[PDB]
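Down below is the structure, laid out as structure tokens.
Only one protein chain is missing; all other protein chains are in place.
Naming follows writing order (A, B and C), and every chain is counted from residue 1.
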Amino acid sequence: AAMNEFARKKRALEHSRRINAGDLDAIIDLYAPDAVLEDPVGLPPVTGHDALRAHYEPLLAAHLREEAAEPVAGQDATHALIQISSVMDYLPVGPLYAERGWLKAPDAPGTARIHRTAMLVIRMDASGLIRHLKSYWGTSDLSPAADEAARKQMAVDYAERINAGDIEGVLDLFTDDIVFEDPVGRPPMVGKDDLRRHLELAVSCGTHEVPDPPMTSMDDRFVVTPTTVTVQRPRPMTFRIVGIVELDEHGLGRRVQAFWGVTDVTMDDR
Amino acid sequence: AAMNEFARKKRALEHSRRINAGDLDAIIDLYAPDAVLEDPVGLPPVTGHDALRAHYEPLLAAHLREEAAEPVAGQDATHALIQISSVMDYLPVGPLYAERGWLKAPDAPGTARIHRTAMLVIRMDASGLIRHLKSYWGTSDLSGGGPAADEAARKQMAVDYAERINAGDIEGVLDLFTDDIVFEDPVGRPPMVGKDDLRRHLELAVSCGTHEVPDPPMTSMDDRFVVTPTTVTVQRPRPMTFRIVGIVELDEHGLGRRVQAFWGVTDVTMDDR
Amino acid sequence: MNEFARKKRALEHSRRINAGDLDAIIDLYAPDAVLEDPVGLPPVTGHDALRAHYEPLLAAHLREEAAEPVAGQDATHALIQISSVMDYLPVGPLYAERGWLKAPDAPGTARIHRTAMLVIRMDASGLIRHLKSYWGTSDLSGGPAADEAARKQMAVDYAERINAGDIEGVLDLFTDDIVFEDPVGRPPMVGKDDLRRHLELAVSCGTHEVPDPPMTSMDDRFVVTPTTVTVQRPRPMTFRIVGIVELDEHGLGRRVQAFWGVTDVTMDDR
Partner (left out) sequence: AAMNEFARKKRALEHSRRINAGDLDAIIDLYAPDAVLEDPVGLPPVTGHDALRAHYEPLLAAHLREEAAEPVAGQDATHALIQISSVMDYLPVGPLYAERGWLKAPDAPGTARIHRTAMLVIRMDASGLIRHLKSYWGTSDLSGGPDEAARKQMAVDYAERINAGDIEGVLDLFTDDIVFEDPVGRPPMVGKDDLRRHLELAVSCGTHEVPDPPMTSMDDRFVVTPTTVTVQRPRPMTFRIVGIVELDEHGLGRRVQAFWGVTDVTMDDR
């Protein structure tokens, strides 16, 4: 059913539970034998249980503690998305972050901590095992200051423009080449003409968008934005959505994926 | 006299001694608070105790161990040079090397190791603290991808120098350098400029009967420098033997533009008795 | 601008190039038009910059031999394959500088042979808004191919694997992120599951692919493959197609655009 949406969202939360629990066998158990992990998105991906154990053991050693937001489901029978707020001891991974220039080295590495906020995109198979997990976070999500954090601005510009009914200003945020899915799981659309019809539909039933602060991938190719969205017609409803936008060399929107599930809509009535 | 020379050499060995010991505070103690580190030369430099700890902690974590050759001193009251052979766990720095294309990632990273040979050029102040440390190594000085490609083409410049000058082929040696060449030998005395000065140095060299035997060279990461430890003997005015390390900065076309021959008074041996 | 008009216009462009008149050429471009030649270099904009780009070529007596264009099913695109020959002077020296070409011994008599794919976007009046010219170092003579030759290999592999029906071997050529339009103008397919269903249909209808030698962009991020494709079912048909594939870090297929027009399908054989 669309009850399997709940299954994926449950497994998503279980992942966070097992991390906080610290049991490494319990964590690896959630993964297919051949799963693929990108953390953070932009680093070369990593494959197989051995590599997972290698990635997760130092984190568990740093007493990583995760606070999970409410997941949302994709309408594709595989995906659940979940935002995480992390804290860990700066050692032993901190130094590697600094060595990559992601983080300014602390004065007292034995007492420093590392705070992170990331978006987890988890692709599961019918048995609920994780096949591919993407963790989206960049330097502005670690312990809005780069010329590349104004690429986070593109999330504010979209919502602000669309709430005003400024369709052309929305269309300007994207390449003429634009591919978009909304919801992820239904056939996608291409080019600013389809998008215009999508957005004209949106304005007419009265949609209103409110983003939470976005995250980026590490290479700033991607901007991840949780929004809450309301519509008036054909029924007052509220949607919990997380939208991923891939950017081109000029900061234009190349691809958009709006993740929200049937269990992410509320028929509010007041 | 050259007593400060031994101080620096001893300190160079102590640095390696503290690495193998694994105590990170002991290591940072050898460094001035504003010290500058380039490891490998070619990567943008790094400054201050905080950045040093970020650099040394993952290395120590990989149980890095060092075998040091016996240092040489520079004749300027600051410099000591020392060759190092390292081995460390592939994790956690290995992945960082693989990302940069310095390395081909191994098929069992959890048990793999990384061998490196480098030349450390250490500048100390009058108190013996490190002010500036340059670590010379490149892709052909790294086990994981000896892939001597066009880096081997620049390492050949070391073999040519020794072979040609041993043969007295002064002009073939001069062909190895820019007409702009700057040449200190020893470092700490005023250098010569241009191939006319260089020719006379080399004419002198051949006449005193100098004979060079180089160790295998190292390069920087960007292959702009070629580091060559040599042993050199001369017959006149006195049979002597020098332990030298020569650093050559190359130009766009691989020509030798700047050369620094590091050796101290305590790196010479009087022979034939 | 139906499919026929756009194709005819593509040849007209090549005709005016052979005609040698620079004014006639610029007349075909919107005043704010954009040119990329080769794809991978920064673009060029506006009639003034266009004159700067074409004048040295025309002085070198550039003569093009054009293949039959194909149309995109999107009311804007015509694509056309080009073979060039021109004097080595005055641009050849500039190519040698960039490492694209080995300087010749008798530059006063040398020629430059080039094969490129022109992707031409026209607006409704038939003026060119955006022109992309795909050619790389292995498509220039006066080929080398170092890693281009392995990324060019990806086209030979696709056709060969799919001809044998090795569906899973085909999927391995692409990322899980894959976007596949086929034809451009109909809604695209997302993910290897869509792609599997597409490839199963392809295999079942008896598709057989025969590629011309591919081209790349200059940065080898794109591989352009003209193929002739025949199917047996539901009828023996023949498609004239050109495929543009965007590659990632590891030479995998990120996005695929298969251009072919309604007027590019016949009931022939080969």
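Methods note: a contact is a pair of C-beta atoms (placed from the backbone, for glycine too) under 8 Å apart; a residue touches a chain by one contact, two chains touch by 3 or more.
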item: Of C:56, C:143, C:144 or C:165, the residue in touch with the unshown chain; value: C:56
item: Options C:25, C:62 or C:91, residue touching the unrepresented chain; value: C:91
item: Touching residue (missing chain; options C:40, C:107 or C:143); value: C:107
item: Chain C residues touching the omitted chain (full complex); value: 48-49, 51-53, 55-56, 59, 89-91, 94, 97, 107-108
item: Missing-partner contacts on chain B, residue numbers; value: 180, 182, 190-191, 193, 258
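The rule is short, and it goes like this: only the chains that are shown with their structure count from here on.
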item: From chain A, the most remote chain by mean C-alpha position; value: B
item: Cα-centroid distance, chain A relative to chain B, in whole angstrom; value: 47
item: Intercentroid distance (Cα basis), chain C paired with chain A, Å; value: 35
